[PDB]
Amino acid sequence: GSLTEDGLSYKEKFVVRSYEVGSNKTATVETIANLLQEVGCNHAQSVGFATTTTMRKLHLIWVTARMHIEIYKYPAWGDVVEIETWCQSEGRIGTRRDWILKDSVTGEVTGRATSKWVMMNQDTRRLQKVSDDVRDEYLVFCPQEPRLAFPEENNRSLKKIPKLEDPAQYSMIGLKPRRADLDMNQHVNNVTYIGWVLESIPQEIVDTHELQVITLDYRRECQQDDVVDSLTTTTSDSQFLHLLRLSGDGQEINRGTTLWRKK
């Protein structure tokens, strides 16, 4: 991995591994989600971070609010995938990290992703608008002209996800995170939520369709000792509405939509 010539984005090549591919011999969306996280961490480290000097002193962290992924073609085991990432400012709302997935040989675009991040106090789990003195430290690493992975005026990533009404058509109950589902700071990482959402997709859809789009709205963080229920309903290409909630009280932690295409 390395910073581009202008230092305003990062490129990294990954060779797809045997344990990273699924039932159809191509990479899983959870492996892709890990590769986006990895390329994002190396971009943050190549610029000197992923928090800034002042936001470290204030006990401030960046948390994901939304994730949108679109895959046209999944790389096969042994294929080389080049990913390009970059940050941008969204005024006082937060930051946006974008990604482009390309084929190393053909040079074609095989996928793209976008995510919205919000700023919160590490301890009180509050939420606050981006302060100006914080923006001045990280804006020198973002391109000044807007660079959108999903440019198109009203595309797919910025649509409001509704709440799944009961009874759900499909469900997967009693989901618990293991120690491998936790990050270096013992927090359940945002890739596990994608896996948990897909656990309630019927096996017949898995065997006849391929995942093309996935939008996830993060509402609350799941804890190490928490139990989650995964709910899904066909809203239609096959489309679904998903809901992750705490097994007991039914407190919402995530809501999303997936779109599948016929193989």
Second form
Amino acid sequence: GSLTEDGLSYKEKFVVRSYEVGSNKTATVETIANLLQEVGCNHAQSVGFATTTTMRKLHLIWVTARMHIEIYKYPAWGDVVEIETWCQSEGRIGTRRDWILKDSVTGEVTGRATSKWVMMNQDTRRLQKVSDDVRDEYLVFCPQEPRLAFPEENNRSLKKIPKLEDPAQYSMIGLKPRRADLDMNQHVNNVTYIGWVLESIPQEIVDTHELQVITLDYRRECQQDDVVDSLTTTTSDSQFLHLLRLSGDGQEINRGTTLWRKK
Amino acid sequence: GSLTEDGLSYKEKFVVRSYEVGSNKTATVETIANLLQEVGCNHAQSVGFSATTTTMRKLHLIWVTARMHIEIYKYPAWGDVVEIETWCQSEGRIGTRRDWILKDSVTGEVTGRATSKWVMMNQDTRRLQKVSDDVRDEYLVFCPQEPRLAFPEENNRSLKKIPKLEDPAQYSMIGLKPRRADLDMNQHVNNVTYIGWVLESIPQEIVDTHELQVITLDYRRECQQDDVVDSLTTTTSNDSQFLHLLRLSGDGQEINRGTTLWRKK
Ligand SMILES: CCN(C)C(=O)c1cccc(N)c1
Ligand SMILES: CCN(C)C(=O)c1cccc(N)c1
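Switch from the form solved without ligand LR9, shown above, to the form solved in complex with ligand LR9 and output its structure.
Every component of the complex follows; first up is the chain already shown.
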């Protein structure tokens, strides 16, 4: 993997592995989600840096508020996929990472992604606007003119997700993370939530359709002795409305929607 | 990804990824477990397999994993390249063996070694059988002929009989169940998932203050749709040893038994 000629984006090549694919022998969206995580990490390494700089000074971290993924073709087992990624200021409101996936044999786009990150405090968890000296550390590693994997004005990735109302059409109750769901700081990694959201999609739908789009808001963390319930309801191509909530008091941790095409 | 000069062994290089490491920024045994699986798969393809022979596909026969044994000296750090060599051998009519060496790509030193016992089973009836000469011949031409053992030792902890755990268990993790990321391409629970289930009953205290040196795990039954697992661990003991049992939380049917051996950091 490497920074491009201008050092304002990063590329990496991945070979899809045997345990990385589902029953179509194409990559799961979770594998895809982990390669974006991975390529985003190596791009932080390359520049100097989760990707903190003048943040751990005041005990501050970046944290995913929203993931959005559109897949045209899921790479097959043995296929090389190329992912290019870059980061942009959304002023002091925001901070965005976009990805592009290409077939490394055709150079053709098979998938694109985008995400929103905000400041916190690993301790108090309180949201924080981005200061001047925080935009003087990373904005030298970012494109200055807007560059959007989702350019389209009023599209699928900027719009409000409603809260699923009881009763839910479908549910998988009592989901618990294991140690393999934890990152190196012992937090459930953003990708397990994607897994829990998809767990309440019926097998009939997975077996006959293909996931075209996922959109996931990150509202609260699950703390490895919390148990999640996962709720889905057909809102409709099939579309679903998603809610993850703590098994007990019913506290929201994620809401999302998904969009499937008939195979 | 290539067969060696003599095409009786296969080598692959893996770079350790961010989401593949634990609290020490070194790869988890499960990540190791997955790279051993990935490299075994690429070696089957390399000699033209899928790892069923011509006869096996005809007779609805598959290779199943009876025992996994893994000994790690050093877990490769996030960003480190790791080289794994793997090879198979006839264990006569009983079944096959697959053996792995893990090396550091920079120093060339062994950092781990694994070994496994594969038995032949009917897909459908789920019924073990011995290796017909018709089959032995089809894969023997892809195996070393002189024994080549990752675990040569005259009394190695890879071939020793594992007791069943007596109730009450010292530790337990109750109600474990697979999600879709736990399934392989043919919709069966991935063999690595049981490693993680086994290790869920090891208390955090041990994990935070020791390293896993040795895991030995026998496979007795699989998780066959809607099943829920309980995980049982009891200390059998510098070195902490454990005895392990997985069972279906209903009838209490055994699926796995195992041991682990941890050293203080
Ligand atoms: C799994 C990580 N999550 C959900 C968070 O820590 C979090 C909490 C509040 C707001 C946001 N954006 C994120
Ligand atoms: C998923 C792998 N497992 C547990 C099996 O299919 C199995 C069943 C019986 C004996 C053995 N050795 C393995």
